[PDB]
Amino acid sequence: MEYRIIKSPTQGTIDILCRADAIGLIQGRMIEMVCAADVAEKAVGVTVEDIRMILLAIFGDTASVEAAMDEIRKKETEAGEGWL
Amino acid sequence: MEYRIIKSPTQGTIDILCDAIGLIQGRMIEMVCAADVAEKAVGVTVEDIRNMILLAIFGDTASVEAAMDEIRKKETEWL
Amino acid sequence: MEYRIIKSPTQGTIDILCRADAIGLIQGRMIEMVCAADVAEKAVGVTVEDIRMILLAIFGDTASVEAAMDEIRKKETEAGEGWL
Amino acid sequence: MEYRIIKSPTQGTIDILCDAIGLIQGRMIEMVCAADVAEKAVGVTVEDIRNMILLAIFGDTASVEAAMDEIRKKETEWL
Amino acid sequence: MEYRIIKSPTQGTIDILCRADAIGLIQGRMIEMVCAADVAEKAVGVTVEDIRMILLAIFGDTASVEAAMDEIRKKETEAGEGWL
Amino acid sequence: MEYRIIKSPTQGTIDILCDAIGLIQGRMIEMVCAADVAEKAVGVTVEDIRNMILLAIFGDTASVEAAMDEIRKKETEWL
Numbered sequence: 001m002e003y004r005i006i007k008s009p010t011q012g013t014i015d016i017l018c019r032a033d034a035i036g037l038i039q040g041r042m043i044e045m046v047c048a049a050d051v052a053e054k055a056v057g058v059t060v061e062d063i064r071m072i073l074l075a076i077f078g079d080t081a082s083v084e085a086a087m088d089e090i091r092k093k094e095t096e097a098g099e100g101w102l
Numbered sequence: 001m002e003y004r005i006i007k008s009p010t011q012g013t014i015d016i017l018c033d034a035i036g037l038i039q040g041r042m043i044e045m046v047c048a049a050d051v052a053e054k055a056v057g058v059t060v061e062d063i064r070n071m072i073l074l075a076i077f078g079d080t081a082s083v084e085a086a087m088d089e090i091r092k093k094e095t096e101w102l
Numbered sequence: 001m002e003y004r005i006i007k008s009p010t011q012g013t014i015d016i017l018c019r032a033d034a035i036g037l038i039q040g041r042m043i044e045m046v047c048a049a050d051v052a053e054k055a056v057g058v059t060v061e062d063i064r071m072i073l074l075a076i077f078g079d080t081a082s083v084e085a086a087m088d089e090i091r092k093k094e095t096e097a098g099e100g101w102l
Numbered sequence: 001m002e003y004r005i006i007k008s009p010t011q012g013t014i015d016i017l018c033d034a035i036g037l038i039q040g041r042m043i044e045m046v047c048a049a050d051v052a053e054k055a056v057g058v059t060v061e062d063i064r070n071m072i073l074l075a076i077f078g079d080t081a082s083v084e085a086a087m088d089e090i091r092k093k094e095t096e101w102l
Numbered sequence: 001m002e003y004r005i006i007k008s009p010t011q012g013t014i015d016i017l018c019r032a033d034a035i036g037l038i039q040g041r042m043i044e045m046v047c048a049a050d051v052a053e054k055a056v057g058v059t060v061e062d063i064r071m072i073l074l075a076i077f078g079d080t081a082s083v084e085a086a087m088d089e090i091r092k093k094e095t096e097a098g099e100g101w102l
Numbered sequence: 001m002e003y004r005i006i007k008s009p010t011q012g013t014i015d016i017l018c033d034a035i036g037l038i039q040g041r042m043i044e045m046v047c048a049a050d051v052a053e054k055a056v057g058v059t060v061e062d063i064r070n071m072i073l074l075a076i077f078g079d080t081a082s083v084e085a086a087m088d089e090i091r092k093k094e095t096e101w102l
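Chains as they are written, first to last, in the authors' numbering: chain B, 1 to 19, 32 to 64, 71 to 102; chain A, 1 to 18, 33 to 64, 70 to 96, 101 to 102; chain B', 1 to 19, 32 to 64, 71 to 102; chain A', 1 to 18, 33 to 64, 70 to 96, 101 to 102; chain B'', 1 to 19, 32 to 64, 71 to 102; chain A'', 1 to 18, 33 to 64, 70 to 96, 101 to 102. A prime marks a further copy of an entry chain.
A couple of the hints might just be wrong.
Claimed, not checked - Straight line, CA to CA, 27 Å or less: simulated BS3-like cross-link-like pairs of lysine-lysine:
(1) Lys54(A'') to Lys7(B)
(2) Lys54(B) to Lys7(A)
(3) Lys92(B) to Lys7(B)
(4) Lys92(A') to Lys93(B')
Stated by the list, open to error - Calculated Cβ distances over 10 Å to all of chain A for the following chain B' residues:
(5) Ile6
(6) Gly12
(7) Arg41
(8) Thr59
(9) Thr80
(10) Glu84
(11) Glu89
(12) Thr95
(13) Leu102
Please keep in mind that the hints were generated in silico from the structure rather than gathered at the bench.
Ideal Cβ placement from N, Cα and C applies to all residues, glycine included.
Construct the complete structure from the given sequences, taking the supplied hints into account.
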């Protein structure tokens, strides 16, 4: 997946998205994005938007957005027990 | 084919799609075949996420995991 | 092309397709699928559906569906005289 | 470009598209060029199968084969 | 980019396009095509059509169409000073 | 990402899109990030060319070139 964060987005940036202190962006295959959306919905301080699905946008304060992005990335790696 | 499971999905997750959701992504031919195995599986509800993009399987964890296993087994089975 | 057969399809499977004892499925490039559709239309015991074109679905009894699939595959290989 | 011919097409085949049908698939630029050669060819009717996906050429076998040959010749013809 | 010219197009060819002595055709990525469209709009003797954007069609007399195609191709190569 | 600039665009060029137009093409995630840099840049107007395909930046040459430089710098910036 691709991960990006936009700090202090302009109204124009929000308008492009929807046509927040921070915007976390995640792009991938739909199956990956639906999984990521679930982690983000369970994260405190964030609002989740499915950009139509092409992209996943996470809105909130920087700290909450960064924490939700870290959680999504950690769950994505999925290096569980018996992985070999 | 890609296989994923979401345990205890939120309403928001279900809203994006529409106690466990099994997700399967592949080529349409593969997904139509997988949908048939899932429809024949006990304890699961099947949803084609649409031009079909993804296959979603709803139910209790045990039933979802069992349906995913049968789909994967039927896909990977000759010289 | 990709070839698959679904034996004793559920109503749900038919609903996914249309949104039969057997369903023969063929996926390929449109030119290949239009050619395949012609072989299937000339085959006894089968009904042909163009899934919109993404996929070609052949409906009927197993024997008729398998015979139509074999014919499509045989015509596709096209190892005619002077092929080199 | 891909080239195929369907001899004695059924009505069902014609229905999917809309005594011989010549089919040509390629990039749009190539197909628009091919359509021009086919429109200038004797005994054939030209149909752009649509965002144009495929080019269909209808007529008697001899005319369809002759139009296909001219399209292929014009496409493959310098140092 | 791909470049083609159709000399003495039939009405059917024009109908396929719009659904001229010559038709210049240019296919590429949108950014490349928008740049090409500008060169063509500044060229004498030609009319420019964006085929929807999939393709760029240039209409006019052969000489004007060929001159506009040459200009587009020359500007596309962009081997300017300090290129290394 | 692809970057291009059109100096003194014609009305026809502007019509295809909708004294200098800066064009940036890339993946949506990259383009949304670039759009933010461009919206924060002096002397430029930002247009998302649409499902967003391309980013167009309008203004005087100096402002357009400065906004393009900042987009490119922010994109290319660790071990």
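Going through the hints against the structure:
As the CA atoms of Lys54(A'') and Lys7(B) are separated by approximately 12 Å, the hinted pair is consistent with the 27 Å bound. Taking the CA atoms of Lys54(B) and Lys7(A), the gap is near 12 Å; set against the 27 Å cutoff, the hint holds. Between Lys92(B) and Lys7(B), the direct Cα distance comes to roughly 22 Å. Compliance with the 27 Å bound is thereby established for this hinted pair. Distance hint between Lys92(A') and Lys93(B') is fulfilled; the C-alpha atoms sit about 25 Å from each other, no more than 27 Å.
With a minimum CB-CB distance of about 5 Å to chain A, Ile6(B') fails to clear the 10 Å threshold, and the non-interface call is violated. Listed as outside the interface, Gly12(B') is inconsistent with that label: its C-beta sits roughly 4 Å from the nearest C-beta of chain A, within the 10 Å cut-off. Listed as outside the interface, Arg41(B') is consistent with that label: its C-beta sits roughly 13 Å from the nearest C-beta of chain A, beyond the 10 Å cut-off. Every beta carbon of chain A lies more than 10 Å from that of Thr59(B'), the smallest distance being close to 16 Å; the non-interface claim holds.
Taking the minimum C-beta to C-beta distance to chain A, about 15 Å, the non-interface status of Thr80(B') holds against the 10 Å cut. Distance check for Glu84(B') against chain A: the nearest CB is about 16 Å away, which clears 10 Å, and the non-interface claim stands. For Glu89(B'), the requirement that its beta carbon stay farther than 10 Å from each beta carbon of chain A is met, with the minimum near 19 Å. Every CB of chain A is more than 10 Å from the CB of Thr95(B') (nearest about 19 Å), matching its label as outside the interface.
The Cβ of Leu102(B') lies farther than 10 Å from every Cβ of chain A, with a closest approach of about 28 Å, so its non-interface assignment holds.
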